[PDB]
Amino acid sequence: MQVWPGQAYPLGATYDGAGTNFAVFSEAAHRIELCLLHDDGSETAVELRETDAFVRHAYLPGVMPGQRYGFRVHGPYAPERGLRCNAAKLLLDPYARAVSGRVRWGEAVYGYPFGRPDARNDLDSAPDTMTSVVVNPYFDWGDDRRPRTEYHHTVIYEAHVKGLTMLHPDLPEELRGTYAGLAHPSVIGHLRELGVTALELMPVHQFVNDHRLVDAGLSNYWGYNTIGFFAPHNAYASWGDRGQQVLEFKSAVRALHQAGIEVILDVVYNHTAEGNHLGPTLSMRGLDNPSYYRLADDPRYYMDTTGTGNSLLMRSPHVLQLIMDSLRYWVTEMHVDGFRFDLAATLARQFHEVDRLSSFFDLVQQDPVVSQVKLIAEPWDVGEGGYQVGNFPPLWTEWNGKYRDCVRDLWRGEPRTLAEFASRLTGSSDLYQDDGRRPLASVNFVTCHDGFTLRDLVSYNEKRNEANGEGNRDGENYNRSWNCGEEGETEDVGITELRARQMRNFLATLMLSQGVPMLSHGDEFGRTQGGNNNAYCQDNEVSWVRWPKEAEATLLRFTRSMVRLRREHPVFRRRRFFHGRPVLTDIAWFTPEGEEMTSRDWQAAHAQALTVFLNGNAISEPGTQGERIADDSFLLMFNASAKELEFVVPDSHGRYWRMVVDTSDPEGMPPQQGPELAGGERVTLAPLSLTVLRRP
Amino acid sequence: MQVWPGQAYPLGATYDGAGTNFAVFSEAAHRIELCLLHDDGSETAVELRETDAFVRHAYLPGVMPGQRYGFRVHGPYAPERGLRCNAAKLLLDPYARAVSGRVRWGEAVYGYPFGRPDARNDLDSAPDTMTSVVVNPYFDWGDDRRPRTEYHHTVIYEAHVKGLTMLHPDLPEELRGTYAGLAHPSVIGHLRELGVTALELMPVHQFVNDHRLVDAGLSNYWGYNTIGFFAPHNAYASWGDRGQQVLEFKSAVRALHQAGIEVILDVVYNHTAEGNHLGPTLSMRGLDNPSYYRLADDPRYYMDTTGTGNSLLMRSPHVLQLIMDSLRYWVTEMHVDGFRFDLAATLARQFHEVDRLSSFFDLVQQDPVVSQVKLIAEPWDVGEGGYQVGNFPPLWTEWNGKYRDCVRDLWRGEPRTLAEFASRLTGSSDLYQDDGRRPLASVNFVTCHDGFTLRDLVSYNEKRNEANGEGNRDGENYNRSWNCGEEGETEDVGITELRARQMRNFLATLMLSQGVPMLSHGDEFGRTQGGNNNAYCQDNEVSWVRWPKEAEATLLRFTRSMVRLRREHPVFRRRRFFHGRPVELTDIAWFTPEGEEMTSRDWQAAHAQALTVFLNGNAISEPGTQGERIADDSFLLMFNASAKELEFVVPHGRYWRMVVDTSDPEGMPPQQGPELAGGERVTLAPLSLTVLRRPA
Ligand SMILES: Nc1nc2c(ncn2[C@@H]2O[C@@H]3COP(=O)(O)O[C@H]4[C@@H](O)[C@H](n5cnc6c(=O)[nH]c(N)nc65)O[C@@H]4COP(=O)(O)O[C@H]3[C@H]2O)c(=O)[nH]1
Ligand SMILES: Nc1nc2c(ncn2[C@@H]2O[C@@H]3COP(=O)(O)O[C@H]4[C@@H](O)[C@H](n5cnc6c(=O)[nH]c(N)nc65)O[C@@H]4COP(=O)(O)O[C@H]3[C@H]2O)c(=O)[nH]1
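Sequence order for the protein chains is C and H. Here the first sequence stands for residues 1 to 549, 553 to 586, 593 to 705, numbered as in the authors' numbering. Here the second sequence stands for residues 1 to 549, 553 to 587, 593 to 659, 662 to 706, numbered as in the authors' numbering.
Chain C with its partners taken away, still in its complex shape:
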């Protein structure tokens, strides 16, 4: 038999050489039973009797990795009390390091009769449920140098595990769309060729194909609907789901870490794949409903702060413990370099309000494992006071959703005051400066997985989510986009070259900006999604990354060479805001004709032209060793006008500035040199074009 009492910590199934020590949390269970599934669907149940601080535990020697296991909570069923415990269902371990199988959708996985939401389901769950697996924690990272690339050298590349590699004509068939293929040399090379220093992996926690999707012809692609917070996703693993998916991810990191490539993965802690009531009872519903999920004034129904069914209680210690244990386990055992938190406002909702003194923030700021890895937050959620951009604690880094909306409104041509675009270029002073932050707190991005891609952003006015199954009712409605004259694809040479160069504008404005640049995957080649902007369920050629074999490889070498500029020239990645008001003047703003803009020229309604001077000799920032940082002085000239404009170079005839970037050109100016301008001489600059000059 061999049922030893074991230990209470750590939570989950841990392989201590000769056996495995199990420990799960439930304060609302009279009895808890542990099931040991075999390869034929037989359950060898064991009662974890030894409770300690509402966590029941036991050590069962002989149990080893590959053991399919799960729990069955004997507890009250009373939605009136908030409890939905059911022994009939096979509950997943929240602390499971690897989950096997898919959810086979049926009336059994749900925990309530399909006609009576307050009755109780007595159907066995195991033959249709996912199944948590014990994992051997061993891995020999030889020299896993965490390439601790600082914020002022970081190029974040948002990408998917599957879409990035799925259609790659260099990975053998098996590896396309897996973690293993993500480690391939032709992808790491591409990533190292493109200049990225951080890789953002769209949700990699094990997530569930939604029932509403499976019974609609679709699947869950993005993966922002998760149940296994410690489990690499089994469907992204070509090495098996019997606890061998973690072996890929670890090896996927080590291969990536060898090339000086960081891994910052996208975490979704705000909600769970169990949805609201009327959803499935899979992992945490049956264990402890009241202290895992945020229930409403009527405990039957669920408080939502994400619009997606449920939301976790951020003040119950066993929920905070699960997230800190989740983060760290991905830091120190998966060697993940950082996290992009999803809708991170919900994580700071202690009772109702968004608190920046909330216990979650208190925890993260102090723990020596998480507080040092790159902490990125999506600074909003769909509750009251949901817009919190510029209110997270000064440790954090935020998605500048105001950079997206301000830049997409500049190149679109709207009367977005230049003084609204000029602080987004300076790196969002108005949002972060008083908070005690630096420009690197702003993660700038012209496009991400949400909204249009880059090609869709310069080709479509309104969304095209008909094929999502919701009558075009999902995604952002107006995306500050402009089709460039005709919506959809078109053979018009004028519309084509305009779109191909509007894209150039977006990537050029992004790199010359201050803070952290971010690229959505595919925009290097011009990835299209056919007007679809919220492709959470488009798991097909719509969201795959097509790979190039001329125009798509004109924009490619353009973008790479634009990254070289930001890298090579530290003026574009400064550690602290310019001031330059009274004395060296580290920034200056002149009009096209060549005079310093005035308070009246600045925010006058219809003005769409700028010249920006960036003083490379006024970087009062020490390097790593107190080394004073130098760089050539640059002259960025923006023309958001519909017309051809005449820009004067405002220094003197004394000196010479060489043009190094010019959006207008069809061959690509960031990868191709050009003429050097006199210094008082007039330079005609095409409509919706950009230009940069360089001088030491």
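What the hints contain is simulated information worked out from the structure, not anything from laboratory work. Heads up, some of the hints might be wrong.
Okay, the calculated beta carbon distance ranges per label pair [stated by the list, open to error]:
1) C:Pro368 x H:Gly385: 32 to 42 Å
2) C:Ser629 x H:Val214: 47 to 57 Å
3) C:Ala614 x H:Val369: 37 to 47 Å
So, partial list: chain C residues that the calculated Cβ filter (under 7 Å) puts toward chain H [said to hold, decoys possible]:
4) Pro76
5) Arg315
6) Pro573
Note that CB positions come from ideal geometry on N, CA and C, so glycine has one too.
For this one, chain C is given, so just place chain H with the ligands on it according to the hints.
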């Protein structure tokens, strides 16, 4: 000036091989300078310029360990807002891994002019102040097996580092009263001889003798008045103060851990040694006052839920981080095994009420370093809603204040504490069963550092603290004690035996009571504080532990034999609660002195001071380390707190053996006894105990 920007983590002086990095937090400091002290007192200031998330820092190559340093925080001095920043006072390092020197009490360590509280003082504090020192973290714990003694084997021995060894006629005079003398073989041999598994260490966090106390002829001895949250008290060091005292501690833990004795130390996190205003500016008054201390509804004045000057803000993320970074520093760097939190209800006061969902409770519960060590609490503060015995989370253990009073009462004679004393032997079923805890969650104790020692407990009716300088106003006013005929020293052998046998009565009940016991240092030799019940300032023979050279060595072998009787028989240290009756095995049954099971009427019969308890050694419904069953001889405990003799009956056919008797003056847990029939009547003296041991 080789000054590199350095890192912002961790806070404090860390030695990176080539040099040392300093990082300090202040969110209301415009300019922070790093003063580096020399041996002729001259300073060498350098700006910690690099402000990152309100943590200013720098790294200085070549700066070796032993360097005396400190921060001077230029900022606002305005007590109407709560700011007492003073760039004249040499602020300590809240993360000082060793603090040298002592406070020379003068008008210069005080930050304000003595006659005017809210004015400004520009007196240099440098020489009159302690100094935070850089420490080299190396120490070779070759094979330092943390003796992770279980919870149901612990015997806590609360000791002070100085009194334990200042008067031991075996250490060299160098080592009397220091950390090294605490780990001499003659001491660890005694703790081994006594059977303890834990050494509760009265505060070693480096503290300051109060100005209040030093202009009186006295000196703070206990040390519950702390500034150094990372340093060992330099006045306990025989090896030096320039960072060398940290070695004393690390090597004093190495020795105790080799002989298998754990380290539990007394932490004081609720309050600081700067007290309220009118007091010094040493570490946190001048660093960032409003974010460190819990301020009033008038920022000039300090909230005080402790009565010791001030209280700490348990909601500012950077005070909880200072606690945690301290907590994890004594386990991960100095190999401590647990902490006793003092006034631990103040730690949970997040705003006003004692919140068991306070961030602090959610921080300890989660952290892998601190949730695993022994978490012992003193569950009360003097503030409103202070007494919270039985209300801490289930992860926590408490000093059972309702045990101490109710056993002090019983042997004192009060006609109430029988049904109450019963549960206190049961393990305080009232206070802990429903909370989800075990009998072990209650630290039982009759006497501690507070109140009377055990000899004073039976030799005084009221306090005698005139020597403390507050005219007998401090401490407990009634401590639930009895003088046994005469208060003070007598020679009547009738009283003296009653005292020496009363001392046997508590220790007997303490080692036979369910849960975790605690021994105050010196109650083996019958230590006497001369009636001083609150001796926090008596750093003299009053609290010095007197080592014995006839009666003193009789009670000694009494206690040691009782702590064994706990060890060798697990019933007195059970791991679950009793249930008494299989409604449809009987593991406990209470009998009358007459010899019949009691009745709910006869239980709460007011006039009753006699008892017979049965314990079933064969009905321990608990597993063992390897699923085994626990087996034991069954015991029969006979309490007579009556003023006279009462004939006690054994419940007929079998035999029983008498193992414990308080009455006979040779001491009879080390002295073998007769065999009692099983129906026979037995005479039990007034205020005495008896235990029977037929094997089951
Ligand atoms: N010695 C010293 N000089 C100080 C200090 N604070 C400001 N200065 C000087 O005064 C300017 C104003 O700084 P700010 O208004 O806080 O506005 C600051 C702040 O927004 C940001 N910044 C610069 N360095 C840091 C830093 O290390 N950490 C953070 N968090 N922000 C920084 O850049 C702004 C100004 O950059 P600068 O070109 O440095 O211009 C700074 C610098 O000239 C200080 O505490 N000590
Ligand atoms: N920390 C901790 N404390 C424990 C544990 N088990 C018992 N205790 C405490 O000790 C009491 C004695 O339990 P019992 O003698 O087994 O008498 C128990 C036992 O026979 C049964 N029982 C209670 N819980 C369980 C359980 O989870 N499994 C099984 N099989 N029986 C249980 O019902 C009785 C009443 O249980 P309680 O009301 O809780 O009464 C329990 C509870 O107060 C434990 O695993 N951990």
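Open item on the list: For each hint given before, does the structure comply? Return the numbers of the non-compliant ones in rising order.
Closed with: 3, 4, 6
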